[PDB]
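Undergrad: Each chain, letter by letter, is given below.
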Amino acid sequence: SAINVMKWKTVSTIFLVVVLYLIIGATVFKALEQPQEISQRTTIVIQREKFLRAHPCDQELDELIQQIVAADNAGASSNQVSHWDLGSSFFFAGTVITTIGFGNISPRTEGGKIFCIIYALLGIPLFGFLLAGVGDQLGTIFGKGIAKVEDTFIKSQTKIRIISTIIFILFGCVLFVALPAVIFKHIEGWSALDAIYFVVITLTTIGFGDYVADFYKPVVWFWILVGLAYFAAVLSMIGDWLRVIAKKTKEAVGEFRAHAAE
Amino acid sequence: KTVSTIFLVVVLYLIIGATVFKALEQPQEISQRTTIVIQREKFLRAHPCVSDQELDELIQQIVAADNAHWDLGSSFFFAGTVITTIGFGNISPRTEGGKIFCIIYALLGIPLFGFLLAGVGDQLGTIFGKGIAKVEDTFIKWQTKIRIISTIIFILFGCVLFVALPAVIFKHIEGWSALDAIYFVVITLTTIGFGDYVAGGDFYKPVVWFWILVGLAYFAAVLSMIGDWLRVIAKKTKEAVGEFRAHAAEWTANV
Ligand SMILES: CCCCCCCCCCC
Ligand SMILES: CCCCCCCCCCC
Ligand SMILES: CCCCCCCC
Ligand SMILES: CCCCCCCC
Ligand SMILES: CCCCCCCC
Ligand SMILES: [K+]
Ligand SMILES: [K+]
Ligand SMILES: [K+]
Ligand SMILES: [K+]
Ligand SMILES: [K+]
Ligand SMILES: [K+]
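Top to bottom, those sequences are chains E and U.
End of the first sequence sits at 247 in the numbering used here; the numbers just go up one at a time, nothing left out.
End of the second sequence sits at 459 in the numbering used here; the numbers just go up one at a time, nothing left out.
Source of the hints: derived by calculation from the structure; they are not laboratory data.
Treat each hint with caution, since some may be false.
[To be verified] What the simulated footprint calls covered on chain U by chain E, stretch by stretch (three residues with Cβ under 8 Å from a Cβ of chain E suffice, anywhere in the stretch; the number is not a length):
| no. | stretch |
| --- | --- |
| 1 | 231 to 242 |
| 2 | 254 to 268 |
| 3 | 300 to 310 |
| 4 | 344 to 350 |
| 5 | 366 to 374 |
| 6 | 446 to 452 |
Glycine included, C-beta positions come from ideal geometry on N, C-alpha and C.
Using the sequences and the hints given, assemble the complete structure.
TA: Shown next as structure tokens:
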């Protein structure tokens, strides 16, 4: 089991890198959010006691808020709109098989949960075959257009790969990031950032849910379908970049430690 | 193409799924929402002063307080959700810089985490590789069919270690139900992560993330096996329709 140690060595080193990466990330987020956290939560204590002494008609303001936060975990106008309607249950399933899972709508029935479990364990693999085919299809659609555009530059075989990938990322980021984010900004009424924030969080299959988007809805899911293929390639390229940088900082430390002051 | 045929299958699968969910949830939806109109008027009637005009104001500000933790630890767990693409959403950035950082952090963290999980998976797959090699030879001197006893051992033990036991731990600790625990486990380790249940809602919180790390490797294999069985069944039903359509009409020749 020689290489098995040569592997465990290499997983452990990656482990500590990720732990570092998270610690670095952890520090940066709480440095960027905890100020806004306190400002928003002192201004909520202001609004509490502004509504208390302006209506002393009281432990039970609380027992309203508990019932409103109990109305949080399910979403004039005493008649509301339907979450689980003909359409939102389709989009819900779409989030389940794509592993996005925004959580804006989630099952509360015990049977719905059990169904959601079985639906995912079968839907996630099934969707993978679709996305794999959609990705393969799109990658070969590119393959034709890139083969056309490279021969017009073969005025070396090696540096034209780089112009190629830049064409790829540029176009894709126009088609799959810029344009649908603009459409969301103009429709969902988001900011220039919240749109691009939504696009990434969705197509990176993270899906927090803080932002979630009858011709509009289908184009969104189909966008998600093809965009997930796009970031699949994008994230895959970034993984290669990292391997390059990782094993070329590995040679650079081998440089230093052998030279180690001349 | 074969992609178009798969496309329509998924569409059909979603339509089937769509119908089943709204049949399972929209009843509870209305029951919960008529009993909220009851509670609204019950609080209007019963507080002549907290009148109609003093209530929606508040609810909008409370649902604006739904919009919103961030301590030494929760920001670590947040980053853990970002690189694992789980993203429960229970805590999400509100600063414009935090969002921009979250974007850059994910585009770099997601690939980085994949290498870890790939190594953790490879490591765990070879740890089983030893234990399974020892349990198969005891069934050989006793073979294409021993593969099947093997995978059943795999799924059983893994479901015990990675699903049953940590769900029980959550049920005692987070005070969940027998289902909500297993519901949480799947939704987390299938990297879906709705957020309706989160173990984060100091010995406990590290073991959870490390559990997630290794469990994600487990369902990675599980979902991968399920993909193969689908590929089998898809190809087995492809031959079966070729069976029917030729035999259908072996008969059609006879006139
Ligand atoms: C507490 C009961 C939980 C039942 C879960 C059954 C899951 C069946 C999975 C079939 C693929
Ligand atoms: C619930 C059992 C059926 C699972 C899906 C079957 C997929 C068949 C694919 C045909 C190409
Ligand atoms: C953010 C840089 C991490 C460097 C890790 C050091 C191990 C070579
Ligand atoms: C199992 C539900 C879908 C069945 C489709 C059969 C493939 C043509
Ligand atoms: C305004 C944000 C631009 C997107 C950041 C890209 C980081 C590589
Ligand atoms: K994934
Ligand atoms: K999610
Ligand atoms: K995910
Ligand atoms: K939320
Ligand atoms: K997710
Ligand atoms: K979520």
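Undergrad: Hint by hint, note whether the structure agrees.
TA: Right, here's what the structure says about each hint:
| no. | hint | in the structure |
| --- | --- | --- |
| 1 | 231 to 242 | holds (count 6) |
| 2 | 254 to 268 | holds (count 8) |
| 3 | 300 to 310 | holds (count 10) |
| 4 | 344 to 350 | violated (count 0) |
| 5 | 366 to 374 | violated (count 0) |
| 6 | 446 to 452 | violated (count 0) |
In terms of the numbered hints stated before, the structure departs from hints 4, 5, 6, listed from lowest to highest.
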